[PDB]
Amino acid sequence: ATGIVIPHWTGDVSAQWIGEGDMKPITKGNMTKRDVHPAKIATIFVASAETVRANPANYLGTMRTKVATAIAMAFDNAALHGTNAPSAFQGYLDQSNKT
Amino acid sequence: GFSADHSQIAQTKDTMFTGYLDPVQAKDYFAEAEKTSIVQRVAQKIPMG
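Taken in order, these protein sequences are the chains called P and X.
Reading the first sequence from the start, the letters are residues 51 to 149 in UniProt numbering.
Reading the second sequence from the start, the letters are residues 2 to 50 in UniProt numbering.
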């Protein structure tokens, strides 16, 4: 829930040829990190108590599956196309510069 | 209350549920019994051809 942090190496570590006594070179490595956090997706739906008691056409059980279906499709439209992406998502596939 | 098919609430009256929740067919609780002949009850029967 608090997100995660990913470490990465980056330094161009280096070494060089020498002759006898040709006093030796010096080098330094380097490091970096990226963090990411989850977003929330939600909805509410409302009915008369008589509609709930009678459950016409199995509308309640239908809605339970249909909102689940919609929530999965909202994840793809975020990650593929950026369409409604919450700002905590990083990158989307249509954002690339190769066609 | 709310509109006949309100945009944010599901109700029994919504158009969406036509063809469900139909009223149940009862017997006729007010069936007036058939009349029948009084003449054929009082008058003397005879054979016929």
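Treat the hints as calculated values from the structure; they're not laboratory data.
Check the hints yourself; a few may be wrong.
Label pairs and their in silico Cβ distance ranges [said to hold, decoys possible]: (1) X:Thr-19 with P:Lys-116: 18 to 26 Å; (2) P:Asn-108 with X:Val-25: 43 to 51 Å; (3) X:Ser-4 with P:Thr-93: 50 to 58 Å.
Capping the alpha-carbon separation at 25 Å, the derived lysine to any residue pairs in SDA-like fashion look like this [claimed, not checked]: (4) P:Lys-74 with P:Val-63; (5) P:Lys-90 with P:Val-63; (6) X:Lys-14 with P:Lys-90; (7) X:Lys-14 with P:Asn-105; (8) P:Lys-116 with X:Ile-10; (9) X:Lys-14 with P:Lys-83; (10) P:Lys-116 with P:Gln-145; (11) P:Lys-116 with X:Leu-22; (12) P:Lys-116 with X:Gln-41; (13) P:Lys-116 with P:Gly-132; (14) P:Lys-116 with X:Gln-12; (15) P:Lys-83 with P:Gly-61; (16) P:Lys-90 with X:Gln-12.
No residue lacks a Cβ here, since even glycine has one placed at the ideal position from N, Cα and C.
These are the hints, each one checked on the structure:
At about 20 Å, the beta-carbon gap between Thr-19 (chain X) and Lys-116 (chain P) stays in the expected band of 18 to 26 Å. Checked against the given bound of 43 to 51 Å, the beta carbons of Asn-108 (chain P) and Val-25 (chain X), roughly 20 Å apart, lie outside it. At roughly 21 Å, the beta-carbon separation of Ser-4 (chain X) and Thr-93 (chain P) lies outside the given 50 to 58 Å, and the hint is violated. Restraint check: the Cα-Cα separation between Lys-74 (chain P) and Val-63 (chain P) comes to about 15 Å, which is no more than 25 Å; the hinted pair holds.
Our distance criterion of 25 Å between C-alpha atoms is broken by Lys-90 (chain P) and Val-63 (chain P), whose separation comes to about 42 Å. Distance restraint check for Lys-14 (chain X) and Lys-90 (chain P): the Cα-Cα separation of roughly 34 Å exceeds the 25 Å cut-off, and the hinted pair is therefore not satisfied. A distance of roughly 13 Å separates the Cα atoms of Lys-14 (chain X) and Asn-105 (chain P); the hinted pair therefore holds under the 25 Å criterion. Straight-line distance between C-alpha atoms of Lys-116 (chain P) and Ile-10 (chain X) comes to about 16 Å, which keeps the hinted pair within the 25 Å bound.
Annotation: proposed proximity of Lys-14 (chain X) to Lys-83 (chain P) is violated, straight-line Cα distance about 58 Å (limit 25 Å). Among the hinted pairs, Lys-116 (chain P) with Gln-145 (chain P) is inconsistent with the structure: their alpha-carbon atoms are about 29 Å apart, more than 25 Å. For the proposed pair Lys-116 (chain P) and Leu-22 (chain X), the alpha carbon gap of about 23 Å is at most 25 Å, so the pair holds. A hinted pair counts as satisfied when its Cα atoms are at most 25 Å apart, and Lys-116 (chain P) with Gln-41 (chain X) does not qualify at roughly 71 Å.
With a CA separation close to 22 Å, the supplied pair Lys-116 (chain P) and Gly-132 (chain P) stays within the 25 Å bound. Taking the CA atoms of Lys-116 (chain P) and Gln-12 (chain X), the gap is about 19 Å. The hint holds against a cut of 25 Å. Of the pairs offered as hints, the one joining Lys-83 (chain P) and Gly-61 (chain P) holds, with about 13 Å between alpha carbons and a cut-off of 25 Å not exceeded. This hinted pair does not check out: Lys-90 (chain P) and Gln-12 (chain X) have alpha carbons roughly 29 Å apart, beyond 25 Å.
Violated hints for the displayed structure, listed by number in ascending order: 2, 3, 5, 6, 9, 10, 12, 16.
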